[PDB]
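Here are the chains, one letter per residue:
2 protein chains.
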Amino acid sequence: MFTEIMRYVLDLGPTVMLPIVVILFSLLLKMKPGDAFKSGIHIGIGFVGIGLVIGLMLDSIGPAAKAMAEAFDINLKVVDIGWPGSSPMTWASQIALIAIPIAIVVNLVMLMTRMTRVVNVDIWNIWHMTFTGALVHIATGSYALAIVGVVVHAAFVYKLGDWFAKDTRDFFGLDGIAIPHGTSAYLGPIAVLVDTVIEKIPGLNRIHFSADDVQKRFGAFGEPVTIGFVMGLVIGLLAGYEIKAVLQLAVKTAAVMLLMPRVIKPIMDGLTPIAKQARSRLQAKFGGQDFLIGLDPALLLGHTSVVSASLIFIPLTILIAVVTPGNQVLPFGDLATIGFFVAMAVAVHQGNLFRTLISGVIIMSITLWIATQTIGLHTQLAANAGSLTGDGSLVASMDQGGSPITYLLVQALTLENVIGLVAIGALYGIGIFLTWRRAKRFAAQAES
Amino acid sequence: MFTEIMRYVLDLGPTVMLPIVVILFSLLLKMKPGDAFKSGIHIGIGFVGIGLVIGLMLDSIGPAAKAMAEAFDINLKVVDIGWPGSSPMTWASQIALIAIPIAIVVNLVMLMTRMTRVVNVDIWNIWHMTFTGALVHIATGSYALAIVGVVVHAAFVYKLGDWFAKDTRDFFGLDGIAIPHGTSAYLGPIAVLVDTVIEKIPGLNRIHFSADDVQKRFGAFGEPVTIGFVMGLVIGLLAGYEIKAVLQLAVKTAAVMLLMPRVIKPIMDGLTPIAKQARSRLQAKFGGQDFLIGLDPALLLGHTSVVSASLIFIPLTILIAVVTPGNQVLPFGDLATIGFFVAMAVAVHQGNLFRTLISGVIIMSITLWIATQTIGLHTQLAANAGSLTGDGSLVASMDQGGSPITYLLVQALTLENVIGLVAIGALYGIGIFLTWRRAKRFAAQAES
Ligand SMILES: CCCCCCCC/C=C/CCCCCCCC(=O)OC[C@H](O)CO
Ligand SMILES: CCCCCCCC/C=C/CCCCCCCC(=O)OC[C@H](O)CO
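Residue numbers (the entry's author numbering), protein chains in the order written: chain B, 1 to 448; chain A, 1 to 448.
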């Protein structure tokens, strides 16, 4: 049955499934069988560590952030269940398993018609696409309209990996990798718009503040590890922790700033030989068709700037939630892994924390406002998965709940808040246009 | 008073308290302030990662070994509770908190009287000493004899750090570091005996199964990472796991071989700048004498040749427990980290799996046999700690329970089985004599 062969391939995990597809690629690419095996193990090993550092993030940074929001006594009565809560609900929809073959086919069609360079192999991030269908299915009521949302969610991110290819390869050091999924990509265009505006504003276009400058004025006290200690201290202090817990958390936050890059290196260390052999064999067929592998946006968290933005925005997002007019959602389950949101924002600004701070507030305010506009649809998905206890408490999430993709599609096929559609649609649409044009220059520059 | 501050110094953690001593020492050495902080933080990051990888060993390789051993739940009716059960029991003894100052004073007296060169900073593995005293207290009924056993254990392990210092540097890369605590060091004298016997037998002295020889023969299939995958497959199969869990475990058993070296390096990188400055200042004052810092035995598992033996000996330590004469103890809790038993054996035999296998079988048989002869004390150590029911189920553990130190100390002051005292004491005593000679030989070679 399709469901078993999929639910077996799904529950197999990236620890096993992804190595095999990478090994099978090298075996048919005339690579020595031992060398092909060696890469697959490293790719899986990196994912084991990636689950470990992220496990540290959600079990030490998460508890503190979840306590800061409660300590900051506000009126926000709806709690961000986060992507740890959104994904289980999304996998309970009737389109959960039918989306995975659909997304590949949209990729396969686009690959043949020369509409994408991304050959996605991360079949686990499709829950983001299922989320767009799930909320459309709830609002519209058409099984096809939900399926169409999956195709749109797939085709968009497949090009979101194309448009951020130089940013992933040159800034994050991920050659041949495209990061199409997750908040890092689909909120990327918002940052491409902000950095576009700032560059044309005089004076504002000359303000800089990179983490390298902190090390060029403080030394050991400006090193990324040291910042991970001080910021970890404040997160514990602002959460009412005792001096023991504050001191203990700070090293764990610092340990992220060192271990996280080390756990993502195995994937790069193993993917390098396969790409070069394939690049030595596919340039003579398809013709210079530099392909890209689609992987988890977790590989973007191995940047010292991203982790610094992640810890810095833990208190900021709680304040952005208060300030943001119209918001009723309290940040919670997505506060630990919040560098996912502002990841590609740092890449666009190339390290300028000044623009990263401006982008993040715009990013967080919009995602917090959108999640407030999807509380009703989100709570139905929770009920449609058994996650709604007898309380009936409103269920909302910043991940996928505040997605412009999922929102702009629902508000188009329903026409509830046209004013919301116009403002968000123009804001996101311009960002998509500017993100697409930036890649056009990049291709012409490199080729010539 | 003392108990309150002791727990606070203890509960603050190896991640927070060890940086404090390191930071203060560098400030004492007139080192730069920020340069002192950076070394302290990296050590904490090192111990954060150690807990993460040592938790993957316990939570993934553990249940696999706990499943293989369950086949023999019928013959061996006493279960090795392991160090995850022996350590808590030993921390409830009356001699627990008093053992920290007692062991530090012994180190000071031995350091001042120029009897040892180890400056132990792991005030957390002192429970091994408290275990020796506690069982002596249960057996002899004397508080003094319990304290005497603590001091004798402290004196032996402090001397064990000196005598196994070349191995920790030449074979492990832990310069200026001694590993005095743990099953690795105090069963090391057995390995020195096995090497001596084999090197005197003709033909058997010329058998080499080293890791490097494995790599040239196999290639990428003999590399440390690939070896862990293969053994992870067998461990999964022998535990009755499904095909997927066999494959999922195998990548995680290989991830330990790669991730563990990279979580201990921050401790090395933090301690290195301090060691050279301490050499620069204290050289002339202390007569050009080289000191060693005493840390956890977990830094010995960063050797790919040890993790392999930690997987190879998971089935063997079980199979040994069926043929060992007079064994009522089923290995269990210590199997996930069984490399903690044969660590220094790998260094003495210089990574020769032939001599490691012969040595390891001797060590496990002796510990399993001794663990059978210490059950009554262990079952009372649980009763006095509250970890017991009225069922009559007996408690045993190969960690500290099957310890030659605790057994020989108990059997000397009680004289229950004089035959067992003579046999274990002779083999251990001959080994200690061979171990001390090794230190004298190496020091004279250094002067040359
Ligand atoms: C630069 C590239 C990107 C450009 C992006 C431009 C803005 C996109 C927004 C579209 C929403 C348009 C309005 C949708 C509704 C149309 C009118 C309608 O049907 O309204 C019915 C309602 O009942 C009346 O009150
Ligand atoms: C290989 C090592 C060789 C060298 C080994 C050297 C050992 C030195 C021991 C000193 C402890 C002296 C005994 C201290 C016991 C005090 C007990 C006590 O307090 O007794 C009164 C109490 O009320 C009763 O319950």
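Just to be clear, a hint being listed does not mean it is correct.
Here are the simulated DSS-like cross-link-like pairs (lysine-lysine), alpha carbons at most 30 Å apart as the crow flies [to be verified]:
#1 A:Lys-159 - B:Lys-265
#2 B:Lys-244 - A:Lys-32
#3 B:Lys-216 - A:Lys-440
#4 A:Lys-77 - A:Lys-440
#5 B:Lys-244 - A:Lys-440
#6 B:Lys-30 - A:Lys-440
#7 A:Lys-440 - B:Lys-265
Only some residues are given here: those of chain A computed to face chain B with a beta carbon under 10 Å [what the hints assert, rightly or not]:
#8 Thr-15
#9 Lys-30
#10 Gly-240
#11 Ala-255
#12 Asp-391
#13 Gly-392
#14 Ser-393
Read the hints as simulated data drawn from the structure, not as lab findings.
Cβ coordinates follow ideal geometry from the N, Cα and C atoms, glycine included.
Results for each hint:
no.	hint	verdict
1	A:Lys-159 - B:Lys-265	violated (40 Å)
2	B:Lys-244 - A:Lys-32	holds (25 Å)
3	B:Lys-216 - A:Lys-440	violated (50 Å)
4	A:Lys-77 - A:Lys-440	violated (45 Å)
5	B:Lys-244 - A:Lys-440	violated (44 Å)
6	B:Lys-30 - A:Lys-440	violated (56 Å)
7	A:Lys-440 - B:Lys-265	violated (43 Å)
8	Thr-15	holds (5 Å)
9	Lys-30	violated (16 Å)
10	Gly-240	violated (18 Å)
11	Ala-255	holds (4 Å)
12	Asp-391	violated (35 Å)
13	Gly-392	violated (38 Å)
14	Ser-393	violated (33 Å)
The structure fails to meet hints 1, 3, 4, 5, 6, 7, 9, 10, 12, 13, 14 from the earlier list, while all remaining hints are met.
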